[PDB]
Structure formats: C-alpha cells, structure tokens
Amino acid sequence: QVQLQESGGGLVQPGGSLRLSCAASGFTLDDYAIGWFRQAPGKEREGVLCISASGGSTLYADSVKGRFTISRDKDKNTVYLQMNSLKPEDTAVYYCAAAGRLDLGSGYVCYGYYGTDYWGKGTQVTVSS
Amino acid sequence: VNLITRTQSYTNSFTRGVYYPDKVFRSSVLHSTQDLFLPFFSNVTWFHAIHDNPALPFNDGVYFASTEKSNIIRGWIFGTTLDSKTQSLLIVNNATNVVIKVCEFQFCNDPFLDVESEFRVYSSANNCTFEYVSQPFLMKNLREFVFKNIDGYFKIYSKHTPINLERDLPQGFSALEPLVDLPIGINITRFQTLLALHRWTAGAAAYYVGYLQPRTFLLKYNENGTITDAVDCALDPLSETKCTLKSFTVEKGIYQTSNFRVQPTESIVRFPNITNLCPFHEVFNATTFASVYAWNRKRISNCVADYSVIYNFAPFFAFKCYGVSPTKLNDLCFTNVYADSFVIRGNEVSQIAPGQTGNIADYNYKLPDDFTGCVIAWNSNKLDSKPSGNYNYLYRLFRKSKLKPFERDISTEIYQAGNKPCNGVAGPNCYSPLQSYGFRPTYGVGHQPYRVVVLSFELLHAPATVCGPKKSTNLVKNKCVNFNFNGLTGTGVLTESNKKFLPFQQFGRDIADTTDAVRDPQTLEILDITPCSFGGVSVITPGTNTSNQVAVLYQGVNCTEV
Ligand SMILES: *[C@@H]1O[C@H](CO)[C@@H](O)[C@H](O)[C@H]1NC(C)=O
Ligand SMILES: *[C@@H]1O[C@H](CO)[C@@H](O)[C@H](O)[C@H]1NC(C)=O
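So the sequence lines, in the order shown, correspond to chains Z and L.
Be aware that the first sequence starts at 5, since it is given in the working numbering, and climbs by one per residue.
Be aware that the second sequence starts at 12, since it is given in the working numbering, and climbs by one per residue.
It is worth saying that the hints were derived from the structure and are not from the lab.
Yeah, the Cβ is synthetic: ideal placement off N, Cα and C, and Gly gets one too.
There could be a bad hint or two in this list.
Chain L is faced by these chain Z residues, among others (derived, beta-carbon under 8 Å) [unchecked claim]: (1) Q5; (2) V6; (3) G30; (4) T32; (5) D34; (6) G104; (7) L108.
From the derived model, a few chain L residues whose C-beta atoms are all more than 12 Å from chain Z [what the hints assert, rightly or not]: (8) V126; (9) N137; (10) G384; (11) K397; (12) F409; (13) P416; (14) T506; (15) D524.
For each label pair, taking beta carbons as the anchor points, the in silico distance ranges come out as [claimed, not checked]: (16) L535(L) / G14(Z): 50 to 58 Å; (17) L288(L) / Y115(Z): 45 to 53 Å; (18) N81(Z) / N296(L): 34 to 42 Å; (19) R71(Z) / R310(L): 31 to 39 Å; (20) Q86(Z) / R310(L): 37 to 45 Å; (21) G14(Z) / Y454(L): 23 to 31 Å; (22) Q367(L) / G14(Z): 54 to 62 Å; (23) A297(L) / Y115(Z): 40 to 48 Å; (24) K78(Z) / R310(L): 21 to 29 Å; (25) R23(Z) / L535(L): 49 to 57 Å; (26) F324(L) / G119(Z): 17 to 25 Å; (27) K78(Z) / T526(L): 55 to 63 Å.
Throw the hints in and build the complete structure from the sequences for me.
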C-alpha cells in the first residue's frame, strides 16, 4: 500500500537549481503530515520542510529558509521540492517521509521531527564545490 | 464360523415366472401390460450349497426357485451393505408365524439358525424402525417365489406346483399368485438366504436364482380367469408381430412391427475460445490489500481460471461458496469474474454471508442475497500488525442508510447527529464516520487482521469467457453422436461444414425449421449436420399353422450398417 518513491537529483555546481519530488502511492489517511529529510554522511538526519495537508501552512527550517521551496499536489499525491542557490553544506542524502497528524487537545496540528510512520529509499544530492 | 461351501452351475430359464400383474378378474380375453417380468430363455445360476460368499445382488427384483422337500430353506435377508451402519430386512420364516424387522443389525460372514436362536444371524439391534408379524408363507414339488420393491413397496408373489421326477425346469405354464405387500422403503442392492442346521450336522441344498427386467407382456386368460399362456414382446420379431397384432396366431402375409435407429454413443464438448490464462497471482498475493470501506475490484475475463493454483498463492484453509462448488469451478463456465480483496477484523470474518447484518455489512461492503461465488479469508497477522499498532486501515462507522448490494462508499465528511449544522468542525453532535482498525500482534484471534478475497461469477447470459481448459475433442467425422451447444441439446451424424458461415454467423437453419450447421466456440469451425440412419422393420412369414420361420426386412437401408 503506502509506498514512497523519490525522483531527481545529481551533481550540480554551487548556486545551481534542482527539483526533487517524492510520490506517495496507496496513501489512505485522511489527515497527515509528510516531511522531507536529509542526512550528510557523518551527521544525524534532521527534518527540512513540511506543510499542512488541509490548507498548506508553510513551515521552513532556518538553515534552508527561502532557498528551499516546497509544493504539494493532491492530483498526483506527490510533494515537489524546488532547490536554488545550493551551497556546499547542502551535500547530503535526501529522503522523503510520511506521517500522520498529531491529535492532541481536540485540534489539528501538523508535527514532524522524529516519529515518522513511513520512509522512502532516498536520493543523493551532490554539490561540485 | 465358516462351515458351508457352494458351487454354481448354469441353465436356461425356459418360460417361467409370470405373475398376475393386477388383482383384477377377467375372462377369455387377451391383456397387454407393462411391468417387471423374467425375460424368457434367460440366464439362471443353479446354486448348490453343501456342508462361501452368499453376497447375492438384489438388483430390482428377485426370482427364487427350489425343489427341496425337507424345509431346509428358511427366510431371507435384504440390504445394501448388511452391516450395522445401515438398515436391512429380516423376513424370517417359521413353522408357526413369520416376523419381519428393519434395524442396523450386525450380520456375520454367514448368518444361520442354530436350531432356535439367531445370535449368529446378528449380534444386536440398536436403532430399529419397523417390525411386523403375520402368518407364515411356506407350507416332488417345485416352489417358486418372486420378490420386488417398487415405490418403497415390498411385494411377494408365490406358487407351489407339483412336479414329476424331472431333472430341469418343466415346461408349460404356472401363474404366480400375490401374497404380501409392505411399506419398507429402503435401498437394497443385495440379499442373502438363511439355512437351518441342527446340532453340527452335514447338509445339502440346491436352488435357482434369477433377476427380472421391466418388459411388456401379453397374457391370455381362460374362461375361469386362470392364466394359461403368455407372449413376450422383445424376444424375437415374431413375438413383436404377435404383440402388435394382439393375437396368438399370425397368418401368411407381411406386417410392419416397429422402426430402427442408430443410437448415439458419445458426447461432444465445445467450450469458448482460449488464447491466454487468468492472472490469479496479482490478486491473492500482492503485499497490499485495500481497506474495507474502499475495496478494490478486478474484472477477469477471456482467460482460463485455474482455481487449483489458488491454494498455492495464499495460506488459507478452504473455500466457501454459495451458488457454486469449490471443486466444480473447473467445469462450469462464466462470462465474467469479479475479485474484491480487503482486510477486516477476525470477528468480522463471520460477517460476510447472505442474510446477515452488521456494522461492516450495511456501511462498508454489501452483497446481494442471491450471491453466487466464493469467499476466501486468511489471517495476515504477520504482515498487517505492528508493535506500535497499525493505523492505515479504516472502516466507516456512521451512515444515514444501509448500503445497497455491490455498492462502495469512499467519500468522507463530518457526520452530523444534531439539529444544528456541523459547519465543518467536529464539535458537539459532530463525529467522524471513519475509525482506524487497532491491530497488534498481542491481540486475540478475533481481533487479528484477516485478508478476505471475494470471487463473484456471472452466469451464462452472455458469451462465456472464463472457465477451465476443456479440450474440444473433435467428434470424429462419421459418428451418430449427440451434442450440447450452450443449452441446445441435439443428435445426429455430423461432418465438417463446407458452408460459408460469415464471421457473424453461428447457427444454420434448414428448410424444416431445424439446425443443420453448428458452431464450436473453442475454434471457429462450423459443422455439417445430417440425421442418423433410420428406417422401418417388416416381417414376412407364412401362416402359424405351417411353421414359425420368419424373414426380417429393413426398409431403405443396404446391408452395411446394423
Ligand atoms: C448363463 O450364464 C453364464 C455365465 O455368464 C453364461 O456364460 C451362459 O451363456 C448363460 N447361459 C445362457 C443360456 O445364456
Ligand atoms: C371352470 O370352472 C368350471 C366349474 O366352475 C369347470 O367345469 C371348468 O372345467 C373350469 N375351467 C377349466 C378350464 O378347467
């Protein structure tokens, strides 16, 4: 059922642009919070971007704010990530993940970080530097 | 104990065994009837027992004969297997009375009378259904009896005749007079006869046993009503002439008796066209099963459904079907197959059946009460259960009305149970009609997830497409054979059709409003039809006062086919 596969990537010069998309197939949860993750060899994986499923509330990371553009399309049930102004610190293994929304205090709040239900195989993004 | 041996010689039946077909008086007339009789000049097993397999088949009826004068023979037993697993008849004669019982007695290899006990006959009687007592029947002589069982009715006729010192069955006639009728009503395939020996002591016995067939007979009553002569209707063509003309004398001339035809021998199987095979491997095992509220549906057509390999795809126990049988699914042919695979709870496995109600039935998945198909459910606790608890699976809980058969609901909203509108917020009297299944490996059997696949078959309303690989053995080319074509039953001698049936044409109507070319769906071959050879039979004979020799003439057929 729930399977996440990503596309795109490669080796680019600093300041270039890339587009990364992960397709969510077989998903059936009514409300959920999908997140994107990256992990450079030698450092712990951390969340990158995440938006609300209901309306698309943009939440960005401080290190990649503005440079990392995320868009979610319900027609194909896939999330599109746009890359620009790439830096040497962006060299990492990029993963996509999907998890349900947190239901505490009779409310709908999207939560990411750890505790993710599903993960993808991931892709490699390299900067020539 | 085994202490009796038996030998079997063989002899002819001559003309014996004619019993009054109905208890009605007539006088000086000839009557034609149809009933069970012993065909004349038939096969007789002269049995001689001396002191063994007394397992003598019963068939439809029995004719028994004996010539002993010591009253050594006594009683009869009838049954189908003659153990304590089935009932059997216990007609036992006695010098004083006669007793009949029906029960699951245990007869040994050779029941017999100690002489006055029947312990060796049977150990005990456990579940008995019928008992009866009456006056005994048996009272240099020849004793003949005929027993039969029609419509659950057991009838015996008898006759005691005087015989001179004659080695074989004497000629002439001797009618059988009815004695007994009882309502037993059981299946009886064989019978045994009991003997009584004092103590043991050496003894000998001899008798004749024959079987009867349903035939048409003619009988001549004299002026007192006693049968003095009878004529068979299926012995030789002269007898057929006598039966048709209804007299005992035939004059010189030519008469017509009946017709003759060539009988069919085999049957011809013509299934739909076959090119591919059904993909059963992508339904039962795909590492994914759709939710109960949103169940997948796959259409299967134009392929062979090998239900035998289904057992090798999923670790289920057995099929359960309503309109068809699991083992007979490889013979019946269906135009369409529908596959519906989903995951439900362990206790909800029992909730898929016609005429049932439940939360899943009227809200998630409904089937018609006339459902014709199979359902296969197997546990999947090792794939759909997680230590944290599976959450992907959901099922609907609230709905305004029950679901119609073969209807699905996927649309989601906020169910309202109050007067005020929900307004898109799940507050008071506002709920979510979609609850997630709680699956854990530590849960009980009735709470474990179960994968259920429902296969629905469509009957023969359209050209069939899905069934097993039945070979269309060609009906040679010159055989009088029957043919079954999609509900059409016919017969004839059938060659290859040279006719130019254009691709749309499937049946050919003759001048006389009947088919003369048929179509096999397996391979696009049209077949020519002609009637099987047939004709009439006539008999040429002089007057009966001269000789019984006759000549048989078959009309319109040369001496090349029967
Ligand atoms: C009587 O039965 C035996 C055993 O089959 C058979 O060979 C024989 O031909 C029969 N007798 C007659 C007259 O048909
Ligand atoms: C019929 O009965 C009468 C007297 O009742 C007798 O004279 C006659 O012989 C009987 N018929 C035959 C064929 O014996």
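- Message: I'd like to know which numbered hints this structure contradicts. Please list them from smallest to largest.
- Response: 7, 11, 18, 19, 21, 23, 26
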